[PDB]
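We begin with a single chain expressed as C-alpha cells, specifically the form deposited without this ligand.
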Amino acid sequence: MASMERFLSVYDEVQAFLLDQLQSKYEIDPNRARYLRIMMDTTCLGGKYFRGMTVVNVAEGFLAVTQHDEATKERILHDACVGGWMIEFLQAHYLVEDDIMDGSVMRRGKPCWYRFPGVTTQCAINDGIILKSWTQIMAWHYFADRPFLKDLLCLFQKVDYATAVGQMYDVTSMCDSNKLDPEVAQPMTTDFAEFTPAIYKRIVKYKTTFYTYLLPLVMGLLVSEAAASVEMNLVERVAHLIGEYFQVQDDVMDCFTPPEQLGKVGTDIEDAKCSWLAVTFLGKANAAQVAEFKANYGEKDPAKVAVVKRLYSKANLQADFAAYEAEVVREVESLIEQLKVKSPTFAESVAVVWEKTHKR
C-alpha cells in the first residue's frame, strides 16, 4: 500500500476518533463537532505533508532491512502515520497562532484561519490550542502500550518548547536585546548590531528546524524501535543544518517569489525581520548602503520597501546564496557519510530529506 494513501487514510481515521471521543467523553454537540471538523481540515490539510511523510519514509526504510511479521509491519506503518499526523497537527497549531501573532493575511493562497468570518481571533486562539491538544490525544490513544511512548512524549515536549522559544527569538529579533522590558513599548533597532549570522542561526534553529526536521526523523526512529542505528548527535546536526537551509530559502522567497506563487504577500521587510537577506546584505554593505538600509527597513511605505529590494538586487545576494548553498551541500553530504557508519538505511532517508529540500 502506497505511503501517501496510507497517511491520508490515517487522517480520516484519527479525525473520526477525536470527534467520536468528543461526543462520548466530552459532551460535544453535533454542530460544535462540525465546527471542529472543518477547523481541523482547514488548518491541517492542503500542504505537501513533508513533515509527517518523513516519519513514514524513515519507517519504510527500516522495514526493508528488518524482519517482521506482516501484522508488525502494519503496526509500524500505522504508528508512523499517527506520529506524522502529530507533527502536522503541531505545525497547524503554530501556523494558526503565528498568523494571529504576526497579523498575517493569507496562508497557501487562502485567508489565515483567524480571518474566516465565523472564526475570529477569539475562537482561533483556542482552535490553535485544541490543535496541539489533539497531538497528545493521538499519542495517548494510539501509543498507550507502546515501548516508545515515554521517549516520544518527552521528545515531542522538547521540540514544542524549543519551537515556542524560537517564536520568541523570531518576533523580538528587530529589538535591541538590552531594551527588552515588559513595561516599555519596544522600539525597532536603529543599529542592527544583532543582525549577525550567529544570531540569525539561533532564530532559525529554534523557530523551524526542531519540528520540521529533527522531530520527523527521530519520530521515524522511535516508531521503528531503531534509535540504536544512529548516533543521535549526527542526527541533530544534520537536522539543524538542513532546516537552516530550508529557512534561508523561505526568507529569499518572501522577498522575491511573486505573491501568486508564494501563496501570500511577503512582508519581512516591512516587519523588520532578521532575515537571511538582511543579515547577508549587512555582511557586505559599505557605509552608504548600510545608511540607506537603515533609512528604509521596517517601514510599511511601499517606496521604502522598493528601496530595500533594490539594495538586495544591487548587492547580488544570489552570489552569496550560491556560496552558502555550496557549503551546506558539502556539510550535508559529509553528515550523511558519517550516518552510513551505523545505518545506510537511515542515511538514505536523510539523503531524501535533503533532495526534497534542496530542489522544491
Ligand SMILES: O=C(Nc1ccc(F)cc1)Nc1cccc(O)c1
Given for the second form:
2 protein chains.
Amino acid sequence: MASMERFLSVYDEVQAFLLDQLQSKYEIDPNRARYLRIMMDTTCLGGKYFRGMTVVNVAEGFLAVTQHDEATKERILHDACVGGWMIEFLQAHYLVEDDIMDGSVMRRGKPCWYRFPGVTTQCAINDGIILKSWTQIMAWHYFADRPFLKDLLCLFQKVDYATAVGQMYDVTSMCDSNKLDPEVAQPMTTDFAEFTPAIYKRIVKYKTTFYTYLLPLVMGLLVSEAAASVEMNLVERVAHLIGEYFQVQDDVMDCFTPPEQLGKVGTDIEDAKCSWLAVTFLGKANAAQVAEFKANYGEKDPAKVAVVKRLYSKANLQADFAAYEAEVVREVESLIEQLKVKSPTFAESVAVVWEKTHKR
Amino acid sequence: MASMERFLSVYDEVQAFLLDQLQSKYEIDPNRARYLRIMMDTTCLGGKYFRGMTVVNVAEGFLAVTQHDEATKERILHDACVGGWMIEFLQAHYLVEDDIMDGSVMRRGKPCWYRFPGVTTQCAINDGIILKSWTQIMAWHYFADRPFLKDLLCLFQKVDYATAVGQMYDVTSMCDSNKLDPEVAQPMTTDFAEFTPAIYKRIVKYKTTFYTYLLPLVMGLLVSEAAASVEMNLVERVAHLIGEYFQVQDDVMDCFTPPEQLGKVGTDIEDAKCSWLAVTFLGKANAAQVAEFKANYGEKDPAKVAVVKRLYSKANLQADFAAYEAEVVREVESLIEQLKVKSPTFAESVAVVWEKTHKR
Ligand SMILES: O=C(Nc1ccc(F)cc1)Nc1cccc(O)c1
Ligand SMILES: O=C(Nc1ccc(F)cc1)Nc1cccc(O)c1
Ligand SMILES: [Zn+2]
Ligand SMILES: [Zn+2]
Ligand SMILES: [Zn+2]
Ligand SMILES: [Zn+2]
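Could the form deposited with this ligand bound be shown next, to go alongside the form deposited without this ligand?
Everything in the complex follows now, all chains and molecules, and the chain you saw is the first one.
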C-alpha cells in the first residue's frame, strides 16, 4: 500500500474513533459531533502533510533494512501514521490559535477558522484546545501497550512547550525587552537593537523547528525503535538548521510572493515582525537607509509598507539570500555525512526532508 | 508542617524550577522570564486553592492510617502538592482562555489577564497555552520515576479533554442544536426547548465537575497508591453530584450576589446562558411568564435583564433551590456511606469536600 493513501486512511480511522468516543463516553449529540467533524477537517486537512508524512517516511526507511513479520511492518506503519496525525493536529492547534492571536484573515486561500460565520472566536479558541487534546487521546488509545509510549509523550510534550515559548518570542519580537511589563502597554521598538541574527535564530528555532523538523524525525525513530541508530545531538542540529532555512524562505515569501500564490496577504512589515529581510537589511544599510526603515516599518499605511519593500529591493537581499542558502547547503550536507556513519538509512530520510525544503 | 504552607512552598519551588529551566534550556532572557513569573502569579494565585489542597487533604488522610518512613511521608506530601498545582495551573489555563472567549471583564475583583495593558489577547491566548504546558512539565520532572506517572498523566489528559468538551457544551447552550453549522452565524434559540435539566446536567458535568472534584479526589488516591481503597464508579458519582451542586450555587450567585462580593458583574442573563435559574423557571412558569422570559432573555438592555430577574424572584426559585439542596444532601450522604465500607478515610475526605462546598 502507498504511503499517502495509508496516511489518509488512518485520518478517517482516527476521526471515526474520536467522534464515536465522543458519543459513547462524552454524551455528545449528533449536531455537535458534526460541528467537530467539520472543524477537524477544516483545520487539519488540505496542506501537504509534510510533517505527518515525514514520520511515515522515516519509518518506511527503517522497514526496508530491518527484519520483521508482515503484521509488524503493518503495525509500525499504522503507528507512524497515527504519530504523523498527532503532529498534524498539533500544527492545526497552533494555526487556529495563532490566526486568532494575530488577527489573521486567510490561511491556504480560505478564511481562518475563527472567521467562519458559525464559529467565532468564542468557539474557535476552544476548538484549538480540543485539537491539541485530541493528540493526547490518539496517543493513549493507539500506543497504550507500546514500549515507546513514554518517550513519545515526553518528546511531544517538550516540543509543544518549546513551540509555545517560540510563539511568545515571536509576538514580543518588536518590543524592547527591557520594557516588557504586564502592567504597561507595549510600544514598538524605535531602535530595532533586538533585530539581530542571534535573536531571530532564537525565535525561529522555538516557534517552528521543534514541531516541523525535530518532532517528525524523532517520532519516526521512536515508532521504529531505532533511536539508537542515531546520535540525538546530530539530529537536533540538523533539524534546527533545516528549520531555520525553512523560515527564512517563509519570511521572504511573506513580503515578495503574490498574495493569491502565498494563500495569504502578508503583513510582516505592518506587524513589525523580526523577519530575516529586516535583520539582513539592518545588517548592511547605511545611516540614511536605517532612518528610512525606522520611519516606515510596522505601520498599516500602504505607502509606508511600499517604502520598506522598496528599501529591501535596492538592498539586494536576494544576493544575501543566495549566500545564506549556500552556507546552509554546505552545513546540511556536512550533517548528513556525519549521520551516514550510524545510519545511512536515517541519513537518507534527512536528505529527503532537506530536498523537500530546499526545492519548494 | 501545616498543609497550606507546604502547598505554598511548593508553588515557589515549582516556579523557580520552571523559570530556571526556561533560562537553562529555552534560551529565555530575564525580562521575558519576569513576564512569565508575573503571569503565573497573576493567573494561578489568590484563590482558595480548593482543588489543589483537596489532593493534599486526601493524601494526608491516607498518611494517618498507613505505615511509612518519615522520608516517604514527605515525598507523598510533596507529590500531593505538585499534583495539586497541576490542577491549579489547569484551572488557570481554562480561566485565562474562558475570559478571552467570553469577553469577560473582571475575575476575583481584578481585570481578566488579557485586559492588562501589557498583555493583550495576542499574548494572553498563548499565556494560557503555556499555563497548561507547565502542568506537563511539572509531571514529567517531579514524577519521572513514580509508579503512578502513567495513570496520573492518563487521568489528567481525560479530565482536560472532558473540560474542553464541556466548554463547547456551555458556549453553544443558547443555540438550537439542529442549527449548529460552521458556515452559518448562529441565532439564539427562540423556543428554549434545550433548556432542560438533563441538558444542563451535561454542561455542568463536563465543564466543571471533572477538574474541580473528580481530578483532585483521584489524584489524591494516585499519589497515595490507594486507588484500590475505593470503587472508582462511586468516586465518579459522588464527584459528579457534588460538582453539579457547586455549579447550581455558582449560577444562582451570578444573578443574585452583589457584584463587589461576587468579584464579578454577572452576565448569564445577557449571555443567554443555560443556567439552573432559567431551567427551573421554565420548569414551573405559566404561558404568560414563559412569553415574558422569551421577550427579555439574552439581551444587553438593563431593563430586560431586570425583567428576567423580576420573573425569577416571583417564581420563588429559592424554594426550588432548598428542595434541590435537600435532595443533594441526601444523595451525598448515601454515597459517603457507600464509600465508608472500603475506606472510612477516603469517605471522610469526601465529607470534607462536601462540607466546603455546601457551606461556602
Ligand atoms: O549565518 C548566517 N545567519 C543568519 C541567520 C539568521 C539571520 F537572521 C541572519 C543571518 N548567514 C550567512 C549567510 C551567508 C554566509 C554565511 O557564512 C552566513
Ligand atoms: O433532581 C433535580 N435536578 C435538577 C438538576 C439540574 C437542573 F437543571 C434542574 C433540576 N432537582 C430536584 C429538586 C428537588 C427534589 C428532587 O427530587 C429533585
Ligand atoms: Zn503569529
Ligand atoms: Zn510568513
Ligand atoms: Zn465561559
Ligand atoms: Zn456564574
